[PDB]
Amino acid sequence: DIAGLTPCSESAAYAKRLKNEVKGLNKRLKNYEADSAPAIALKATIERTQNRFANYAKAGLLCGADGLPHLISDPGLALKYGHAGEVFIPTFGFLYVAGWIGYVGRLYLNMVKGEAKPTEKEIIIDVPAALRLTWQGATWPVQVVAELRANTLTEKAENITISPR
Amino acid sequence: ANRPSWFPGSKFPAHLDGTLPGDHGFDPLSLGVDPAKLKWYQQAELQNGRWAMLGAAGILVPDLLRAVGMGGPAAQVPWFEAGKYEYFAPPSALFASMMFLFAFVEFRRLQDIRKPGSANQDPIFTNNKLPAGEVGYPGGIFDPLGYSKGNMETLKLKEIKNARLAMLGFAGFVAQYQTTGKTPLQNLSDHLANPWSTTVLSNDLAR
Amino acid sequence: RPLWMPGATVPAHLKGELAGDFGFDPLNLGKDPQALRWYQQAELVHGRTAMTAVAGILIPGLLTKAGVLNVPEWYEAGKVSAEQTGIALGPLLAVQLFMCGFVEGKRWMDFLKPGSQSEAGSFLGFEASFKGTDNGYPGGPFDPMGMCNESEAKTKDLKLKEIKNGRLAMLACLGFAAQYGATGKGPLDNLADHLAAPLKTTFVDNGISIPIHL
Amino acid sequence: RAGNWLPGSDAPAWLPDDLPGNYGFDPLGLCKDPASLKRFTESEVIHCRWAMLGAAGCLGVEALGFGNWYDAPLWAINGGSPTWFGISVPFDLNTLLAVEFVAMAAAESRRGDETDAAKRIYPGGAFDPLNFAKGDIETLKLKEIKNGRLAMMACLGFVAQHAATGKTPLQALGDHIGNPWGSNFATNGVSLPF
Ligand code: CLA
Ligand code: CLA
Ligand SMILES: CC1=C[C@H](O)CC(C)(C)[C@H]1/C=C/C(C)=C/C=C/C(C)=C/C=C/C=C(C)/C=C/C=C(C)/C=C/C1=C(C)C[C@H](O)CC1(C)C
Ligand SMILES: CC1=C[C@H](O)CC(C)(C)[C@H]1/C=C/C(C)=C/C=C/C(C)=C/C=C/C=C(C)/C=C/C=C(C)/C=C/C1=C(C)C[C@H](O)CC1(C)C
Ligand SMILES: CC1=C[C@H](O)CC(C)(C)[C@H]1/C=C/C(C)=C/C=C/C(C)=C/C=C/C=C(C)/C=C/C=C(C)/C=C/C1=C(C)C[C@H](O)CC1(C)C
Ligand SMILES: CC1=C(/C=C/C(C)=C\C=C\C(C)=C/C=C/C=C(C)\C=C\C=C(C)\C=C\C2=C(C)C[C@@H](O)CC2(C)C)C(C)(C)CCC1
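Residue numbers (our numbering), protein chains in the order written: chain V, 1 to 165; chain U, 1001 to 1207; chain E, 2001 to 2214; chain R, 3001 to 3194.
Take these hints with a grain of salt, some might be off.
[Claimed, not checked] Distance condition first, Cα-Cα at most 27 Å in a straight line; then the derived DSS-like pairs of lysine-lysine:
no., chain 1, residue 1, chain 2, residue 2
1, E, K2079, U, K1115
2, E, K2079, U, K1037
3, E, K2161, U, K1039
4, E, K2159, U, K1039
5, V, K80, E, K2079
Hints were generated in silico from the structure; no laboratory data involved.
Given these sequences and hints, build the entire structure.
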């Protein structure tokens, strides 16, 4: 479907990639006694492989003739055809944590600004106050917008030093 | 040196000074601490009580007549079964009619809780009208036997006490029927037979 | 003043004034007066919506489980009603969006400019009613029986009852969704199963709340 | 005033005491604004007069026995014929709609075109051929509004009986008269829950 990308469940190459990859570990298991830690380990690698090479197909990961799962980026294609778990959903997840980290950082910076010598609280971080601002970034999107709709997120253009034109 | 206390040896709740009839100083959950609410809650005790006095005399009586046999097949119907018992109209029609009837009396009475002394007057007949009375005690036609002169105070402390007992009574009837599944007189007879083994504990343990 | 947690440090912008001001703004979200005002309206709307929804999921259910009605599960009624009414999802939703959009628009502008919907000439004959009293309290066409006009302390009681009941209903809706998401049953079913063996039927023993691999 | 909606209240004060039909019933306070006061007054009387005509037509046709109000607007769906007082009329759906629009447009427009406002409610003159408005007009207006309010409520009743009972208003009336305790809105199965 999509761009000639066959589902890995119906992808023969994906199946061969399993057969040949587990055979390559079931040939390294033979040169070891049945109970040796070497062999307990290679049997875990075979089980873990057989689980992954199935968790992927069960997730409906379309793969090409190569037999390697491919991802869909277009939101419409990903959503309309149930491929949202790939790229799409992950996208917001990173954005939330990314903005969380950035928002918490600016909260701390703007608190140490003013406070006595702000330059000595950047090298010797105030771990107490840094630990009181981390959770404040949980609802960062709510607070960030409230700052846009109040003109406090940015600085006035007549208070930022600029290089001579 | 004051009113009777629900538990002799305990202090009277500050809000409960004794002005209210039957003010035996009993508000552990401080439900009626708010004076404004104390006023509503007081009227609600009267109405809930008066209606339960009629409800208790509306269950014990039919069963009493049924037990004596004096009561007709209608009395032979247990109160918790009277609903299914047929009469002349289906259960729905009776409820709807009583609703319209209740709406007039209830709204007319409320006019008195909201503006005290503003409903005592026959709408159809301007000449007819109730005399001034405490919110909750209509008087006039509502007191045809004219007992509103002979010791109203102790006849009022007689009502609240009976009302409170009748309210606990209607609670017992439902609770006993909820567990025993029998009429109140049946449960009472079950007790007076073996009273030292038909206690709620023994019954619930057997359940 | 009662606080969400005894000994918790009251913020500063949460001075006992808003209904339910227990001094709970740990992440200082309502620091901005305007933000606090919008959040206040948002809370009331959320609580009122949840209260009128949990009443439509619990009440109808408790009566179905008592033989009075036959309403389907909240997580199945949608399809039942769709096949029952015959209206297509698309058309049904679109119409709702337009109607809700118009009423939200009027309330939205009333916040932007307080008591503005009562503009002379706007809504044919009714603009006056569209005045509003305080943030999330459009007294007048709403509250017809005038229960918020008795005293200045019955308002403050009836308003603490809306917020505490709302907050509870809002959490209740979240619970119902999570309960069905993990248990796979209706809310009453979950409560009944819990009361059966209370010490053996909890979120821990559901299999989804905590995916215990170790 | 003509009375009190809730004997013992006094809340309505914006309503003038001379307003015809002033029973002092404004629970949501919609008459506070004088412009809205005039508009609502005119709307009420108009609604009353129409409802009074509708009620007379809805039952009248049944009295004479030429059909019920609901059956009137159906022939056009089945492509039948219009028949007034039994006598046939040679028209159809679109032509009737067009003729109605133009007539109502030219008439209602002129009524609203009025500026005195009082005339918009009570025009008289050509609208007063018998000139019964020579005296006792102030109370005859109360009769017009009271009957009119009743007519509007009665019209809702006809629709509700047809919606739940389904039978015609006259038929439903006889059903209640014949079986009052048995037949009622309580036993229609729509008025009460579920
Ligand atoms: C980041 C840039 C970007 C790019 C390059 C594309 C590119 C594309 N998108 Mg898209 N999209 C984007 C962002 C982007 N999108 C975002 C941010 C959203 C969220 C709002 C969407 C939501 C979206 C939807 C819902 C759909 C697409 C679809 C498409 C494809 C055809 C639609 C079109 O003509 O133009 C681009 C269209 C949009 C950007 C959004 C409008 C939705 C389109 C116009 C509806 C078209 C439906 C129809 C089936 C498309 C025919 C494609 C053709 C091969 C048959 C196309 C390759 C369609 C698709 O192929 O999925 C099946 C489609 O249904 N996108
Ligand atoms: C509070 C910390 C913080 C924040 C909020 C930002 C924010 C931003 N940076 Mg930046 N940066 C930072 C630290 C930070 N930076 C540090 C420490 C360095 C030195 C390595 C840089 C070097 C840097 C460069 C070279 C550039 C940016 C750029 C940008 C902008 C592009 C957005 C982006 O993708 O981020 C980008 C972030 C990076 C590329 C690296 C920083 C990532 C670190 C890990 C985040 C800082 C975490 C901080 C230590 C937490 C402090 C918590 C406190 C309690 C101690 C953005 C507004 C770009 C820009 O200017 O856009 C126009 C760009 O060119 N940053
Ligand atoms: C005071 C206090 C204070 C603190 O703080 C806290 C606390 C302690 C909690 C409190 C207490 C409270 C209480 C106890 C209350 C109670 C109430 C009641 C029980 C009522 C009744 C109530 C009851 C009632 C009304 C009753 C009713 C009934 C009726 C109508 C009727 C019935 C019947 C009869 C006749 C018979 C038939 O065949 C059937 C019928 C018809 C069905
Ligand atoms: C304005 C107006 C006007 C004039 O004034 C008068 C009047 C008419 C009166 C008014 C009105 C008002 C209203 C509407 C109100 C409403 C209310 C509500 C509904 C509430 C709810 C409320 C609701 C709520 C709280 C809710 C609750 C719930 C809950 C807890 C739940 C729980 C649970 C969970 C989670 C889960 C599980 O599995 C089960 C359970 C365990 C069960
Ligand atoms: C005072 C107050 C105060 C506060 O604040 C608020 C509120 C409450 C809102 C207010 C109230 C109001 C009201 C009550 C209203 C009502 C209305 C109506 C019912 C109308 C009707 C209305 C109705 C009407 C017009 C009617 C109409 C009718 C017509 C034309 C006609 C019909 C017909 C007939 C002849 C027969 C044929 O075969 C068919 C047809 C052709 C179909
Ligand atoms: C749907 C989506 C994608 C679609 C992208 C498309 C079509 C357009 C994207 C436009 C984008 C991504 C960005 C435009 C940004 C423009 C501006 C002016 C925004 C700047 C953001 C700012 C200034 C915020 C900075 C932050 C503040 C102040 C505090 C903290 O939040 C931290 C921080 C630094 C984030 C694709 C690529 C398909 C992929 C799938 C997700």
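Tell me the numbers of any earlier hints that the structure contravenes, in ascending order. 1 and 2
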